[PDB]
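To begin, one chain is listed below as structure tokens, in the form solved without the partner chain.
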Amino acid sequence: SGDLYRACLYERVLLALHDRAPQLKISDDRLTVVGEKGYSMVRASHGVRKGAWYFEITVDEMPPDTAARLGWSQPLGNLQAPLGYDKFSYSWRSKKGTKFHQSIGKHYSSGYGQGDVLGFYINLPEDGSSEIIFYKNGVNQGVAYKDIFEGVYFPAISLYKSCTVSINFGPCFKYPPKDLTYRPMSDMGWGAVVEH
């Protein structure tokens, strides 16, 4: 078959063009972001509703008195609040490695900080128990949340004061999980196949 040889449309997965707190400072390549004062948030350009997906964030710089809450958000997530502030998102906090959802912080892992490469895994099986799992430098930190609200989840970054992080949607990861199957978030960019 020549089916595999056909051209198709591809679009980049990036931090969002307009779906972002306007105070966050985003790089020209749309993959690096710097915080500004109180917590505020940006979602990726693409989100997922079914299957298992993965992305990475590198904490480029995290000066004293700065922080991040990183994770996944539905579209209704509040852009002018920390990730995990409401029922629409789940986050992992740099400080103390606390997990947040609905403004409730619970024990999870130890903290993370500058230079760490964080991993973000989600599994939304279809008609299967949904799960959110975080990784730190390739090490599985455990299931943080199970049976989460059904919906579309976007990779999401919220930052407090002027720390800097970089997001990598794939397909090439620094610490690919050895214990789980998934697709890189970059696979969300594949579109219609062209006939020839």
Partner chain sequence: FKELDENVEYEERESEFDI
Second form
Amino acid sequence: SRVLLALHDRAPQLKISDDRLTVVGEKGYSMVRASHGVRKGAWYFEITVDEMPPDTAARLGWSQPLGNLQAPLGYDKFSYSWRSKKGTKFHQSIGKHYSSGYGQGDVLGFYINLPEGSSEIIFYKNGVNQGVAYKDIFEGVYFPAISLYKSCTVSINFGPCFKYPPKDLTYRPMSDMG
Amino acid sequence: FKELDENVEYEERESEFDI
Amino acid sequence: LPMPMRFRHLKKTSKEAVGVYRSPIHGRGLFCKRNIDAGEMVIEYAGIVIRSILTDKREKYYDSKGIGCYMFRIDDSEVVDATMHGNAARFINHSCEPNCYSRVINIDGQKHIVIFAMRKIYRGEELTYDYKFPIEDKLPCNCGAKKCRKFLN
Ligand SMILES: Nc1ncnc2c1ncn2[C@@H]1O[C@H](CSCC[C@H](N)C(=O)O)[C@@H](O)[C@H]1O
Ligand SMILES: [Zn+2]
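Please show me the structure of the same protein in the form solved in complex with the partner chain, now that we have looked at it in the form solved without the partner chain.
Shown next: the complete complex, the earlier chain at its head.
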């Protein structure tokens, strides 16, 4: 059925709402993946930062199944992330300059393209392209992925309707996987 | 070492895992 | 007694019940200064509680500084790192015929490693437990017991 935050594929310390679309962090960085992942084509989803108290943060993006649930997204070779703090992008624990930061009330967009042509990961802030973050990524299945540092709160939207659908970007909503 | 009387839960930083 | 009561009594009394002295097994050991009944808490293996994922980072650091690493795993998810902050429990030697055992207890949502007495232990005895090291390819054991397994690992 519908795409949701995964039932078991999640760090146990994260507090997931009953509807499985909202999650709150707990102490050190930890991660939850969606219930469905994609292998080919172009796909999109959104995450809204509901609340970002002082000294809390998020690293949001895409993860293969082996991505470590007890580490920030982007920690290892299995995922790619975008940090709320300073807009840094992370992969294999290397943080690089990417965009400006994002915070409470921001609606972030997450694009991936896996041609059956080069693979790409692109991040959006309230509908606006923040630039290509990663290109020619590792082959595999990628799941929408949330990692949180301390008690900030985010909500994921897999579609079909997005808050800020990007202009001239073709994709299927992650909800199509449902 | 440094003596403690009780466990302390390590307080990780945001950057705990970064290079 | 509710575990947090037993645990409170432990923390309030362990300093006067045990002490560190030279050991005939090895180096310095932990010793009983007053009789302890079977099943009673002896001392906490105290230190900094870290997530399991942080052990590798810390081990490599200590290794680079030539520092002996003192960690006691709680479970798959957490470890007590007593390398830099800890207590006298660090001095408890291994024995192949120990008089204590370690168990994990839960207090107010936090896990603690506590050493318990296997039997009634008398004043002056050295306190020991089985380290339960996995088998390597070796650290000679000097516990002195007739049933000594000759190596810790
Ligand atoms: N039964 C035993 N036989 C030989 N060495 C032992 C031992 N039990 C503990 N040790 C030594 O003590 C170490 C654990 S630290 C325990 C305290 C130590 N005796 C000290 O004086 O600091 C082990 O790595 C080993 O080197
Ligand atoms: Zn022995």
